[PDB]
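One chain is shown next in structure tokens, namely the form deposited in one PDB entry.
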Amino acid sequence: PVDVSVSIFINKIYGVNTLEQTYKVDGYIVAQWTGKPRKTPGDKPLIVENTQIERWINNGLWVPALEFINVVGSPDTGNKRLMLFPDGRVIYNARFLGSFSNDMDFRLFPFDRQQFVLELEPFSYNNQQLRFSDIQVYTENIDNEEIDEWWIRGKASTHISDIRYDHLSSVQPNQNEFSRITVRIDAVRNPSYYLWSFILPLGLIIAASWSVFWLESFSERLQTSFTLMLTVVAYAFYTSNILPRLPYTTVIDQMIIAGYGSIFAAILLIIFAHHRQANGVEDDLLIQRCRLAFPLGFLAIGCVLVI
């Protein structure tokens, strides 16, 4: 078994696609192992770059193909190189840009907390012919400032496990364990834009919709309620334009339905408070004491729905 020593430099993480559950990672990858000694020009290490490699693999050089398990498609490999030392140690340094995929959960959308996973594994050699020895992850480049959409919380967490594939039991018994290296990078979303432009004006609209029970007549209450319902529909549209598509509801999509519920409960209370008549002429004030309590009632419903 050859002991391969990986090191992954993560330059940047971006492009989080919420519907495909993918995200783009750009960085380097440096594998290193020890083979047979060789004679190079002089004593200095020989460096082979890009297209030169395929001239060395045809001459019998052993270079494994380390694939990313959770990549989507194929990484756009830029430069790559092989450094060979007279001692017999080879270093394969390549540069990748990949559209990786994970199982993400956006169910608390502006106050999100995701983790980004990179999985790596030999494509053909099991852990009796190629095993990983360690892994270092360097994420110095990725910053924590207000400008970035994701705050990276702490260093990466690496892991070296042994996956088992039962489907190779028919063609290769007793040797089907593959050595896999995992990398997890935690991240928290930047909730500033979604707190100032989506939560606060929706709160103001819901809080100002309650002040239609101060109007005196009944037709004014109804016409004002219909104007407010058109306002809430236009606001649901404005949030539906500048937002990421999802197959499940976010926090803001609970708040929009809370706005619809407040508007419809106001319309129901208006019709009920008008409709308390003996034959059609008797006015009413009793249920219209809900100018200070039905706000507190639906605010209690919302604060319970938070908890």
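Positions refer to the first chain, counted from 1. The term rigid core refers to the maximal set of C-alpha atoms that superpose within 1.5 Å between the two forms. What changes on going to the form deposited in another entry:
Once you line up the core between these two forms, the CA of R245 is the only one from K44, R245, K39, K36 that shifts by 2 Å or more. Superposition of the core reveals a Cα shift of less than 2 Å for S192 between these two forms. Fitting the two forms on the rigid core leaves the C-alpha of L168 displaced by at least 2 angstroms between these two forms. Superposition of the core reveals a Cα shift of less than 2 Å for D134 between these two forms.
With the form deposited in one PDB entry done, generate the form deposited in another entry in the same format.
No partners, no molecules, just the chain.
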């Protein structure tokens, strides 16, 4: 197996789409191996630009095609360079831009912690023909920098593994294991924007929903509760286009359903308080001192869902 040494340089990470769970990565890839010796002009290495590698491959040069596994669409490749050394080593440097997809579990959505993953693998050559020696990821541009609301924390984790492909077993009987490289970059979401734009006004609106019990008219209590219900329905509008449709509920979604439940429970309590009239003369004194009990219970529920 030919030993190929890969070096991935990340120019920038951008376009992190949480709705589609994709992210755009731009960078360079440098794959270096050793072949048969050749005579270059002088002792200097020979540089072959893009659309001139085709002539050398037609002449019979072995240049493998290293594809990206977790990419969405054909990765937009830029310029490509081939350095041929007189001692025999061949270096392939290419510029890639790709939309890559990862798992991205959004349980703690504003306080999220994800990893951007690049998977690289030969398309045609198994580990009995091509083997990855080592990889160094030069993530120096985005080392500790803020790509939007994404603190790229730490360095890049590098892994070389072997993947047994089963659909190639019928065409390659006992040799269908491919060498793979995984690059993992740990990122933390910046929660500030959601903290001052989605969590704080919803909390104020839920407190204002608690404020319906300080009125002295049941009909005005219902009208106030319905206006605040309309306000909460006005929310979760521009919340639905900040995260995808997940089976589970996040902090902002729990706060939206908590506001709905608080408003419907306030409506139910005032309806039952007016229903509590035994003979049309009993007023509401014990049942409407929940101005300091309903917010206390809601704060206890919020503490339970937070922790």
